[PDB]
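First comes one chain, alone, set out as structure tokens in the form deposited without the ligand.
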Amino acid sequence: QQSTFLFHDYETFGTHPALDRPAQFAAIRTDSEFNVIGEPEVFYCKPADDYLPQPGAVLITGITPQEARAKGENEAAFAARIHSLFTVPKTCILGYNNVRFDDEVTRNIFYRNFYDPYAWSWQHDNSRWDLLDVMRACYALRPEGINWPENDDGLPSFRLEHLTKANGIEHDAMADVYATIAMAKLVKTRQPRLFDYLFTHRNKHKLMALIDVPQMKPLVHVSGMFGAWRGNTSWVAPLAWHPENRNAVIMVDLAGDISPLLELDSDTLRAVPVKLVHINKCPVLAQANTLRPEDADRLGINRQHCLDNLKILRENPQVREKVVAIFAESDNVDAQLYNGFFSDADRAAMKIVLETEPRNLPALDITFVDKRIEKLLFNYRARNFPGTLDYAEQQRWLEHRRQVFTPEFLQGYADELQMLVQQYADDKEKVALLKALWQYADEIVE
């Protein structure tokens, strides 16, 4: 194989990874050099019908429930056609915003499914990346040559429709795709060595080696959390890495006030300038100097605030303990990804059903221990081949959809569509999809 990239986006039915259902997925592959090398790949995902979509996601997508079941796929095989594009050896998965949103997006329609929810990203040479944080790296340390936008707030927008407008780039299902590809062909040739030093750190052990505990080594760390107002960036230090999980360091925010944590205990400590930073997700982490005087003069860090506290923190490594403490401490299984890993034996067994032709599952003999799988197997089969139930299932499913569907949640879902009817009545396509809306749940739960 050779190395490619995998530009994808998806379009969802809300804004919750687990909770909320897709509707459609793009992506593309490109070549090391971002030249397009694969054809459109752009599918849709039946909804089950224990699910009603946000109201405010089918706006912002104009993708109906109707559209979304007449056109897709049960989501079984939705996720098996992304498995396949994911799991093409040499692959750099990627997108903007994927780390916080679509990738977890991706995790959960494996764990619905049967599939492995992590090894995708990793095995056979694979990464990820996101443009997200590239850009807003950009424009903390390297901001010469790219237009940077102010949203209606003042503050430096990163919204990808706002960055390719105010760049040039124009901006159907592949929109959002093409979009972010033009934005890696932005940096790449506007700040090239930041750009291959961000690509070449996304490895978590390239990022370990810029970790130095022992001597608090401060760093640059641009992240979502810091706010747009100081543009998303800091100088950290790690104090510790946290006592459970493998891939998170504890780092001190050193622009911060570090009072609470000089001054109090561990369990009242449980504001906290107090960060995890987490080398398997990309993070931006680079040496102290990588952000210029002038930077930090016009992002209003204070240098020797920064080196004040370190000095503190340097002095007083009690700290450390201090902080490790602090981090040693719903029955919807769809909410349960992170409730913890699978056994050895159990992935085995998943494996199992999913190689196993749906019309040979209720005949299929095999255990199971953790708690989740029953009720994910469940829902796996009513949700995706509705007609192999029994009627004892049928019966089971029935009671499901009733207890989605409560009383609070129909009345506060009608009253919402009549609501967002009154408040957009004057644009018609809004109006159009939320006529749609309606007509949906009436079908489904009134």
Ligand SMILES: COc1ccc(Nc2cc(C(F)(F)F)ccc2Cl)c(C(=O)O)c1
Contents of the next structure:
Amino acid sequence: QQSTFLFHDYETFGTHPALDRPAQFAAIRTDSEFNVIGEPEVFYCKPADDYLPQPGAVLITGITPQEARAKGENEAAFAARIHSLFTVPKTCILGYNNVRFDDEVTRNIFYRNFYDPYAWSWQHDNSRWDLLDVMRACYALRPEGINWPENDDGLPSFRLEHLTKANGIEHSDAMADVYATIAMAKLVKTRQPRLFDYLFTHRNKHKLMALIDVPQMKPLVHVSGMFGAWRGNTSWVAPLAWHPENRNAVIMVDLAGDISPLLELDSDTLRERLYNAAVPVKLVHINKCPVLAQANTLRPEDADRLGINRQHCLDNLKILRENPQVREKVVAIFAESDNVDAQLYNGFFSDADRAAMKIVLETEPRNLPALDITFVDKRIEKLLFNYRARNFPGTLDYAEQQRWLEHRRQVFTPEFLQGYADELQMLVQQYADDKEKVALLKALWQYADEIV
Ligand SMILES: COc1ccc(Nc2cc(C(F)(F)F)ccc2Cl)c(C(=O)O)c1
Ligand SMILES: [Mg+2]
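Mind pulling up the form solved in complex with the ligand next to the form deposited without the ligand we just looked at?
Everything in the complex follows now, all chains and molecules, and the chain you saw is the first one.
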């Protein structure tokens, strides 16, 4: 079996990866050298009748709820198709902003439809990557040979459409974003070969672990969206401690920051603060392909370009090393909704509960009503009801139908429905000169009228 890349992208009906619903999934498989070896995989997800899309999302995607409903399969089948692609052995699953967005959509789709939300990304030698932080790393660390567009605010832009246009890459077609992401990968591989190889290799958590030296507070360069485009998303950081609960999270200090709150304030004040002096502390999640490298990877000329003050960072590093009591202080900081759709991270399920959920998954939907099985975790009863009612409404008995009707009633409150009508009317005035958007908004009104 050969190593492959699976490039993918979602179009969704809103910004919330848990509370909004997916509309469309697109993917294609390449070999290890980015040669396309698969057929385009494009399919839609039917939205259940307890949901209205965010109008803004539909204006961006151009996909109406009517179209996803008419072309889609139920979310159970949508999940099955995605799971089948993602679990082919030796697959690197990647996209553009997938770590923060698409992967969270995936986890939630799997969660709602009785798949393991996590196993897909690591089992059978699988992995994840994300070209967004690769582009950011290039801009900060090795900008030579790539054109770096500025947005309307005068800051470097990493929007996929800006980067393609700025570098002469054809960008238009449900597959447009996927092909654009492949082109980004080829771009960096060709123009910054050693950085590309370094970043690919260091997608693996164990390679990242080797860079981390807590006793020595060994400084690293870290490229992260959280740092801000104004400094090329980059700083020098040092590891203080590992997270008390989260096995994959290390606690970093931003050496370019103001460490005085860490020196002066107690752990209780600092916990309230990061939830007035800024607390220069962040978590780095080693399972989320963070960009980390030895400190000298950021060259002086580039530190100067990004406005990063080396002496300030060195002074802070010296102070922190002479005050190891700050380690316990940050550990103490991190020592620390009734909608089941929002409860993915309310904990892991027991081995027994997962085994039972696996039976739900592998049982014929028609045999679910009579399915004898036991759950402990309180989420599962509601997950199972929603699953059946949304995907297989023809299998509900009268009491279950009445339960679903009440559920819908509690979503479509008086405040929600008025707000929705108000937003559509506002948007049709705002975008009156845009004929495509006007037509989409009329479609949204018509869908809302039906789904009520
Ligand atoms: C013994 O502790 C140190 C101290 C400084 C180091 N390097 C370094 C440190 C910084 C810092 F300013 F961020 F601290 C910037 C750039 C570099 Cl190359 C390094 C290092 O690069 O390994 C180790
Ligand atoms: Mg996307």
